[PDB]
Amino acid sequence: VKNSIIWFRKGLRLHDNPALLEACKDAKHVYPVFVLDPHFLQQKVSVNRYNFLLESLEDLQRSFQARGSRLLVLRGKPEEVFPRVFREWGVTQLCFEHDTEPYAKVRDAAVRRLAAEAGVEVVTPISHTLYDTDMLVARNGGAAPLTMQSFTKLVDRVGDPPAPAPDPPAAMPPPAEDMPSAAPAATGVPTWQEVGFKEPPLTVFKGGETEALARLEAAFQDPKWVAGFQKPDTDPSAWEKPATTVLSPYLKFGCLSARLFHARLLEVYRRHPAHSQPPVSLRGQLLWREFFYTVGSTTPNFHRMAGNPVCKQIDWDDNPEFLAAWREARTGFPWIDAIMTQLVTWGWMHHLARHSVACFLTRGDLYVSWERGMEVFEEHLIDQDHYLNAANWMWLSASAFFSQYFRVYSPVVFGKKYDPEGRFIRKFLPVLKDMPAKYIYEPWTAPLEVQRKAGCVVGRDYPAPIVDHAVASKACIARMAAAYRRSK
């Protein structure tokens, strides 16, 4: 008989899951498995992103149960767990979605070796990206493109992505009964308290395939908005209704299929001929994700500066003081502190909000290494993606892909163009809620009598600015210019 395992790591969904469809074909029993490490926080990760993962597992649990099955959350390391379950469950096939991350390549190579020793077939379809990224590299002469223009030119020569896979059957082969490793008390989805977190999550975005498909439909309620979408023209200060789709954490964990997203965009584009084109269009935003996945997977040390052949070697500063202020939302610039507060409370910010805090910390004002700011983003973001966090930090620090270091965002004027009353600032910085709009972006300039009336004395209830942007930006621009010549 055929007994199969469908191993979830990413791709936490039932729709467009060819690994799940292969595991179900002719199978007597299917074991849907996610492997959890209960010594993780005993080593980093915020409760916001970890609870997002737990909610996504609870959604899969309810989906498998509605189909007569059950999700199995196995504790331990896959190298130790899978050899045990292969013999206990009589496994003949193991299926999981391909993953191009560095740790995944080393982990999956070991499990593939263990499956071969136990006579288990391994099926690893590609479904996290739009295309087989290795095929895109092979079709471009054996190397990845380093510009969005050349990459968009390649995918148009390749053609459309594969269509999304069909839905799984309405009834699934359940896991076998009375199997000791599949006991319900040891395979259940844990809460955020049981894993060791103390403070509760504060984000407003709930995990799961159900939420992802609901938010996908909500975005497609207005086909004109989708068709004319232009990323640079979107409002970073909108928080009651964000200006972009906010599908990033669902695409990160695989709660939503990029191939399904893409297929729904093409349905709309065929009916709106004046639709926006890449790179600013919504399809172009998926292509940004595909571009960085393709470059990073084929580039060694993509997340670091040393040994990264695409990243410029800049003599970034070792300033723990400046980093702490940026990390703790106490820079003295309300626009920057408000965004850093949205980071630790929501785990998500608009792309141009991320631009402001990243430029400020790196090539704009503080001259702290982009790896340091990434580490802070890797902790709090709920859409934290290995390759995407990297390339955008190297972009904003002007270490790769981007080189216009004379373009420096002002931590005062940038948000004032979108939100002159400071609506966004008052929401995430309630200490400045009574400050008149004329000073809310520059509270140190307000008369003391205005500061006392508004109940916000600079240096007592809100800190003075850590740097003079005019002086700090001039120094940073000169150091970047001198670094671009010694790089040759």
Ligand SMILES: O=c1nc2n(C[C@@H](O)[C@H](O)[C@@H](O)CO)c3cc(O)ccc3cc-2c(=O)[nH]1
Second form
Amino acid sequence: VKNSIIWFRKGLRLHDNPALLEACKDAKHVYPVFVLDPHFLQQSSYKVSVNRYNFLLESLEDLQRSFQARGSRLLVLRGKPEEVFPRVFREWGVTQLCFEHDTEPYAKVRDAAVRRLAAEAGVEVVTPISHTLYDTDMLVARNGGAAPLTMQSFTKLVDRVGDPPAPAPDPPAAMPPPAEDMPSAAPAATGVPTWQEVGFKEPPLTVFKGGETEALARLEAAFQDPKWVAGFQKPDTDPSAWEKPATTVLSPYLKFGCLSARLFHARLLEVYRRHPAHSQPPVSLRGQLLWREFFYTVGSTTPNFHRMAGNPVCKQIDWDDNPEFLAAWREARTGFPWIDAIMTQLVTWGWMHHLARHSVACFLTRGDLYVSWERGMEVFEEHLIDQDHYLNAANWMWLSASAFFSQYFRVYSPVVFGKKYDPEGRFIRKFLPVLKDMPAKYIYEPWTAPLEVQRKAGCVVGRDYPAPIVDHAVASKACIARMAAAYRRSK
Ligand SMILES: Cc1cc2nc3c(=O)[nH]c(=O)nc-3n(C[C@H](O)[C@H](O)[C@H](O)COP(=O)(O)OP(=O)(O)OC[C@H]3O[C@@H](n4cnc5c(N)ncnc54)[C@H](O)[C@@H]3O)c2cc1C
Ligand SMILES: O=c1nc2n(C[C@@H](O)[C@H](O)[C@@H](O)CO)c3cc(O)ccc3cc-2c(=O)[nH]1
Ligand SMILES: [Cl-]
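Alternative state: the form deposited with the ligand bound, after the form solved without the ligand:
In what comes next, the whole complex appears, and the chain from above leads the way.
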């Protein structure tokens, strides 16, 4: 008799889930499992806000509903996978364990340990690729055994390899449930908890809801305008747009696997077929999925990718240990409203537009404050709802000119950058209410408002909103000087 586990970690969906499909095939009982793992709650190492963790819980609640609707049940097991799984293998008479492959450092250690244990229990292990467009090992293999290090040569590689696989079909309308009266499957030990019960003190404030149903809705909303999809150009999109964000906001759903990257890609290709002037990579929407694939592919084959030291793709730079600069940045009190509004969005929504992530990451690292990208990445690791190990590392290295990108003379202005999109400062008025009534003339530079104007707007620099912590002209020149010297020490 076939008794199977479908183990969810990412891949939090029923659509495009070949793992799930294999688990159901010829099965008497299927046990859908997510292991609520203490590794992600020990705030010592690994950081997570209530925003992200509650987005996860919402996604698990949506899975529960999808499984309940098909005659089954999601089991949220508490514990370390190494010690939970041997128990349930025996208790449930498990013959097959299915899960979606992942390539992160923790995933590799965890997944090796669970395979060894599975083999000891006589349990078959089935691990299809479906978090990424392609099997990332296959790509490296086809490229002659190393990952390409530019987006251009990565794009050429995948064009030679061909289209990603189709989304797998939808799973059956009825699924075999867990067997009755299994003690590790007791409802009360296996329900989706709340953020309160997991132990978060403060409520989540983000406006984006977790789960596959929300992911599919947001995918559908995006594809209701095929000209927009066809003509999408990432660098030409507006980072100050918040009522209707200028990009898809599909990142947290792709991060958790509430949305299938292959579904998204197949949908793009349908549109591109009927729209022959469609944008091409890297700026196109397909280009965006390829950035993701690119950084996963490089990231999974490089040791210490998420660090500077011991990381072969990363420049060793003499970053300042400057806790007050980092704290001002982290706590949204740099005195540059563009920067502080974005850092407020980070902590409220857990999502900003890519170019707002550029402004704040450039400002922290190579642009003004010369703090290590690792400090920035950690702050993003806590607050981003789309926090992705490889994508966050790679973009921080890109923005600090530590890897992939070397043009350290290009520095974004914390005053001018947003102003060319949003001269009235609508974005700033949203995320920093204290500047609601400041005239647009002064909103990017409130320290240049006459004192009469500051008082009239109820926002006096130094009292209600802080003075700027640097002079951008002085800070950037110094930072460019230090970057030049670090590059010359490297050669
Ligand atoms: C300092 C810094 C840190 C970042 N950290 C993260 C992170 O932790 N997680 C994360 O998903 N993205 C990260 N990004 C990339 C990018 O900013 C987000 O993926 C994007 O803003 C998400 O919005 P969207 O879903 O509307 O993307 P769209 O423009 O709609 O693109 C669709 C999808 O493509 C992928 N994608 C888009 N841009 C990029 C990119 N530059 N690199 C890799 N993949 C991309 C994402 O999965 C995204 O959902 C970071 C960028 C910077 C500059
Ligand atoms: O299997 C789990 N995956 C969790 N993941 C999912 C993955 O990151 C996955 O476990 C691994 O593939 C990462 O190495 C989380 C992701 C977040 O962004 C935030 C919190 C979690 C928590 C968990 C968890 O408790 N259990
Ligand atoms: Cl709990």
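Under this definition, the rigid core comprises the largest set of C-alpha atoms superposing within 1.5 Å between the forms. Numbering follows the first chain given and starts at 1. Shifts are known only where both forms have a C-alpha.
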Comparing forms between these two forms after core superposition, the one residue of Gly459, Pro38, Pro420, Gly68 displaced by 2 Å or more at CA: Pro38
Segments displaced between these two forms (3 or more residues, each Cα shift of 2 Å or more, core-superposed): 37 to 43
